[PDB]
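Using the sequences and the hints given, assemble the complete structure.
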Amino acid sequence: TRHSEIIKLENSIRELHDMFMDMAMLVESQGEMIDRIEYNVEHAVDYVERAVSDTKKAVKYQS
Amino acid sequence: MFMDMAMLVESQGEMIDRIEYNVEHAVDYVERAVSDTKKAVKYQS
Amino acid sequence: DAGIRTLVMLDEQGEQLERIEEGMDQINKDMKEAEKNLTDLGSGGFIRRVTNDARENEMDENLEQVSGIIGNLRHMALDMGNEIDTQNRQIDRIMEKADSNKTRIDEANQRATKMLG
Amino acid sequence: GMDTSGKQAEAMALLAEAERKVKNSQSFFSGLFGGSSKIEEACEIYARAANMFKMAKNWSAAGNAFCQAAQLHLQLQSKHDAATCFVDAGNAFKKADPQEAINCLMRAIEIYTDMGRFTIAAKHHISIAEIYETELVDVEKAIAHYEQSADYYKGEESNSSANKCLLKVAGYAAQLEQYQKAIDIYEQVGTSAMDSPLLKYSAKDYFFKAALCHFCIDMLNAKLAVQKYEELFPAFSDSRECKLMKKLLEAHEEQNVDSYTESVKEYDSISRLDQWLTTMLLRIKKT
Amino acid sequence: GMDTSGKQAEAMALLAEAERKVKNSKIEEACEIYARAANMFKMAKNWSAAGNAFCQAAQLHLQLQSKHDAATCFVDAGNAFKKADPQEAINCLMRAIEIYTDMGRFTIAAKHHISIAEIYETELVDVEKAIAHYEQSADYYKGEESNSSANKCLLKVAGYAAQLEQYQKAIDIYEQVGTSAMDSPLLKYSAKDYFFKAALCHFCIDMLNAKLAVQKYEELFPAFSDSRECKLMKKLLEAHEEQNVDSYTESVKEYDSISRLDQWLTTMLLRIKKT
Amino acid sequence: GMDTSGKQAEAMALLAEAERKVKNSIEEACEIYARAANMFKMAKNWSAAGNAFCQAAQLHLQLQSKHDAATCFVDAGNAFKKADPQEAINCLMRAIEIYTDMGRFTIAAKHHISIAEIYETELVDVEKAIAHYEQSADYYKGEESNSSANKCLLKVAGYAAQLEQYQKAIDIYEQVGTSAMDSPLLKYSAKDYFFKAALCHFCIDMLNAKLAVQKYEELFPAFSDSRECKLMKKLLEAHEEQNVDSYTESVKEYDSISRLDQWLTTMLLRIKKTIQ
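Residue numbers (the deposited numbering), protein chains in the order written: chain G, 197 to 259; chain H, 215 to 259; chain I, 41 to 82, 130 to 204; chain J, 0 to 286; chain L, 0 to 23, 36 to 286; chain K, 0 to 24, 38 to 288.
Think of the hints as simulated: they come from the structure by calculation, not from any bench.
Just so it is clear, CB atoms sit at the ideal spot from N, CA and C, and this is done for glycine as well.
Please note that a few of the clues may not be correct.
Claimed, not checked - Calculated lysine-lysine pairs in the DSS-like style (CA-CA distance at most 30 Å, straight line):
| # | chain 1 | residue 1 | chain 2 | residue 2 |
| --- | --- | --- | --- | --- |
| 1 | L | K6 | I | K69 |
| 2 | J | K264 | K | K222 |
| 3 | K | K245 | L | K163 |
| 4 | G | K256 | I | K189 |
| 5 | J | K22 | G | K252 |
| 6 | J | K22 | G | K256 |
| 7 | K | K94 | J | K167 |
| 8 | L | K153 | K | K264 |
| 9 | I | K69 | L | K20 |
| 10 | L | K153 | K | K6 |
| 11 | L | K222 | I | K184 |
| 12 | I | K184 | L | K122 |
| 13 | I | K76 | L | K245 |
| 14 | K | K94 | L | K167 |
| 15 | H | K253 | J | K6 |
| 16 | K | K153 | J | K78 |
| 17 | L | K222 | K | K264 |
| 18 | L | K167 | K | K93 |
| 19 | L | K20 | G | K204 |
| 20 | K | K153 | J | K6 |
| 21 | I | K201 | H | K253 |
| 22 | K | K153 | G | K253 |
| 23 | K | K56 | L | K122 |
| 24 | I | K189 | L | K122 |
| 25 | K | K163 | L | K153 |
| 26 | G | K204 | I | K69 |
To be verified - Simulated restraints, written as ranges between beta carbons of each label pair:
| # | chain 1 | residue 1 | chain 2 | residue 2 | range |
| --- | --- | --- | --- | --- | --- |
| 27 | L | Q274 | I | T173 | 27 to 33 Å |
| 28 | J | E43 | G | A254 | 30 to 36 Å |
| 29 | J | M105 | K | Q179 | 41 to 47 Å |
| 30 | I | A42 | L | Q274 | 34 to 40 Å |
| 31 | K | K242 | J | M11 | 56 to 62 Å |
| 32 | L | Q274 | I | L78 | 57 to 63 Å |
| 33 | J | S262 | K | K245 | 28 to 34 Å |
| 34 | K | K285 | L | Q274 | 52 to 58 Å |
| 35 | G | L222 | J | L219 | 34 to 40 Å |
Pasting the structure below:
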């Protein structure tokens, strides 16, 4: 009975370990992607703001 | 290692919150621009 | 406790990710409409107790409890794991959308600046 | 270092130049009708001065410059950028002048909610409540702002965020010696959380806390609530919390305070206790 | 089934109408209607015809002044052809990759490179083509500071080379990635595996220098001693000193009771043991 | 393969075309130069690609462009990162200045962190790395990013305890422990920090270490029950008795229970050396 229970506990430990490294690697990739989109959206909003400001100034100059 | 993972999760949460706030600002401004364009086209036409 | 906190924080992250995806879709639709309009404008024991004694009992009991807790943890962990995959996919899918949006607006501006002269 | 003196001097010069520019703007408008370009240029200079002051670590000057820019641009019929500058002033004065930050955030809330942007108003309300609780002991203001933010988020159908605010309000209320609200809020959150696979595991904790909150009212209702929680959420019976409450109730039934404190000490040794639970248990033990 | 025939007939009719309209300024409308027809095929799920229509519409759009739309149509055509002649999908995806790279968008190009390598390796037997594509994608990702994607590609190529009996590149990549992970505060948990694999591969070369390799790994990473892999491998080496079959079989059976070994690991262990 | 020579020649031709176009005297020249730099990057010619990016950024900035100029400068710095760390650092500094002028403190702080990392890993300089990390920490604290600030402060304290005087280390470690005590999830780790603080005080003097560890034990009740507190008390007894054997035995026992970071080993070596 000692062998069975110890082996089962160690197998659970191994499953936990491998799953947690897999999920940690995926979480690192997700965090990098989120950091990327942060600057992506910042650049997008800044550029659209600048373009619409250019449109406003141009139309007001013409009228 | 559990304790270490918790901090990564928290960092992801906070950066997600910041990104969401920026997106809210962007969408609000886009909506305002759409309204202004509609007003301009309707009145000029 | 760390496991539970991890679960709740991941759930919050997923909800916010869904909300930002909805915002991106609305932004894309509004931008397309505006561009079009503007263009149209134009277990029995754990250790053999060699001397019996209470000590050999207590440790065994402790181990029992440990094992049980670990058991629970396993399943909980797996559940927590599932979420990430979905979130990841969603994130990737929004990337493209946003990028396209940006590109579009860029070219749109250039267009609006090339017919003038 | 050079940063302090250099930034102070250059920011003072830039602010004086902006002041002179705005002083001459009236004459320029009267004599030529230049429009609003001068005012926009002055606002840009003021924002630059605020940025330099922020880098200069002089938070008060940066906040004042942001407030001036917000006022001047609000005079220009641009409420969005005025609200942006007001939020900047609120988050700059937060540490230097808490009251000034409070009114700045209130003005930003008013301007935003005028447009129906309830999420930003709720975030500002949460910020105000957090500042009130952290700095001041005015619990009532924090609770009011938390409730308003929770209502705002509920109106947006954004679940999982109003729950935490309601839980915080209920805990602080229970600390304020009002238990009916705390019992109701904890029970509501628990019943909202049972069906969730992810949160179900934490649900038991909520139940436990609620049962402890009902302990002060009277022993009989405490036993009844223990029975109701055990029957409605059978999984809760597995947790050590039920055993702990049963032992505590048994100890109280015979005025056996010694067993009560022994059990509390053993549980604390197993896992360190929190201030709220410690205070609740000590207050109960007085009887 | 009635549904399949109905969808096929609807989409064929839409393509016929699109052809009539384009045959009759007109370029934009023709491209739009052709895109709609390709989508109608894809919904009808005629993979060959759907892909053919997709690439034809993409070419017509290429005739029109646009780049992003061309790339989107190309990736759609590649996805459609995924279940058709692999050569056409590979060609279209290569063209899309070239267009993206010329625009400076290296990340999506690397993703498409990974996809084409994956399809080439899984469908056909030629592994070297997938190895080359994966290496190109890894180099691009490394140039873009993408450590994770480069790490994954390096691991895959090292494993493939080890399977192909070119153990030198496998051990080099394994050691480099292991030391890189060791340098970072995180990723240490996996380093052991890399080291172990490297050792095994070098053991395939000989036995006398395997002792030196494991001693180097140990002195480089003392904690590696605690790994059960080290105990298994040292017992295997000690048994290998004598031409006895029982010892290493017993060691591997005892280790295997906990977790099942992967196909590659078992096939390498049998290869080393049998000779 | 044909890639190397073909892309190199095409980049030379594009550079010559841009030079001729500017000689006529404009965005077309900047676009051509950017494409040439990208092709150089493809050809693995990391060098002279950062130069092309810098030239394009200067040309585009001449007409008041700042966003794309900053992005291209950062890209040039990244390109030179491996080829020439110093010029990459200079480009990153220029980008940081531009961003700070615009007020993007997050980008400036991230670039400061990158500068400190490159300084510490490739070059040998701790003062520059410490200064840049502290600047990034101040920038982020202006942005109220607590986690990044705590990590940077931990790095600064580690460097200071490794080489600098222990006063900075004790101050930062005490601040970090006090901040972490209130956090429910992060409270348990505070013990570690406290232990480190005690070690630093022992590196200064034994009496200071004993007084500080007693004060911490009063401050942090769990610290009393921590194995670190018991080990520290036993070590203090051994050092006070000038008994090195107790020191070695306790260190071996602690190693048996748990491994050593190789930093605690250095501090313990320093403490053992002064037993005399």
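Against the structure, the hints come out as follows:
no.: 1; hint: L:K6 with I:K69; in the structure: holds (29 Å)
no.: 2; hint: J:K264 with K:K222; in the structure: holds (29 Å)
no.: 3; hint: K:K245 with L:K163; in the structure: violated (48 Å)
no.: 4; hint: G:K256 with I:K189; in the structure: holds (25 Å)
no.: 5; hint: J:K22 with G:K252; in the structure: holds (27 Å)
no.: 6; hint: J:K22 with G:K256; in the structure: holds (26 Å)
no.: 7; hint: K:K94 with J:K167; in the structure: violated (51 Å)
no.: 8; hint: L:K153 with K:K264; in the structure: violated (43 Å)
no.: 9; hint: I:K69 with L:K20; in the structure: holds (28 Å)
no.: 10; hint: L:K153 with K:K6; in the structure: holds (20 Å)
no.: 11; hint: L:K222 with I:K184; in the structure: violated (55 Å)
no.: 12; hint: I:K184 with L:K122; in the structure: holds (16 Å)
no.: 13; hint: I:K76 with L:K245; in the structure: violated (71 Å)
no.: 14; hint: K:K94 with L:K167; in the structure: holds (25 Å)
no.: 15; hint: H:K253 with J:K6; in the structure: violated (45 Å)
no.: 16; hint: K:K153 with J:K78; in the structure: holds (29 Å)
no.: 17; hint: L:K222 with K:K264; in the structure: holds (28 Å)
no.: 18; hint: L:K167 with K:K93; in the structure: holds (27 Å)
no.: 19; hint: L:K20 with G:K204; in the structure: violated (70 Å)
no.: 20; hint: K:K153 with J:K6; in the structure: holds (19 Å)
no.: 21; hint: I:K201 with H:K253; in the structure: holds (24 Å)
no.: 22; hint: K:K153 with G:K253; in the structure: violated (37 Å)
no.: 23; hint: K:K56 with L:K122; in the structure: holds (20 Å)
no.: 24; hint: I:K189 with L:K122; in the structure: holds (20 Å)
no.: 25; hint: K:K163 with L:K153; in the structure: holds (26 Å)
no.: 26; hint: G:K204 with I:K69; in the structure: violated (54 Å)
no.: 27; hint: L:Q274 with I:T173: 27 to 33 Å; in the structure: holds (29 Å)
no.: 28; hint: J:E43 with G:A254: 30 to 36 Å; in the structure: violated (20 Å)
no.: 29; hint: J:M105 with K:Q179: 41 to 47 Å; in the structure: holds (44 Å)
no.: 30; hint: I:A42 with L:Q274: 34 to 40 Å; in the structure: holds (35 Å)
no.: 31; hint: K:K242 with J:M11: 56 to 62 Å; in the structure: holds (58 Å)
no.: 32; hint: L:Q274 with I:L78: 57 to 63 Å; in the structure: holds (59 Å)
no.: 33; hint: J:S262 with K:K245: 28 to 34 Å; in the structure: holds (30 Å)
no.: 34; hint: K:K285 with L:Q274: 52 to 58 Å; in the structure: holds (54 Å)
no.: 35; hint: G:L222 with J:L219: 34 to 40 Å; in the structure: violated (52 Å)
Violation of the numbered hints given earlier is confined to hints 3, 7, 8, 11, 13, 15, 19, 22, 26, 28 and 35; the remaining hints are satisfied by the structure.
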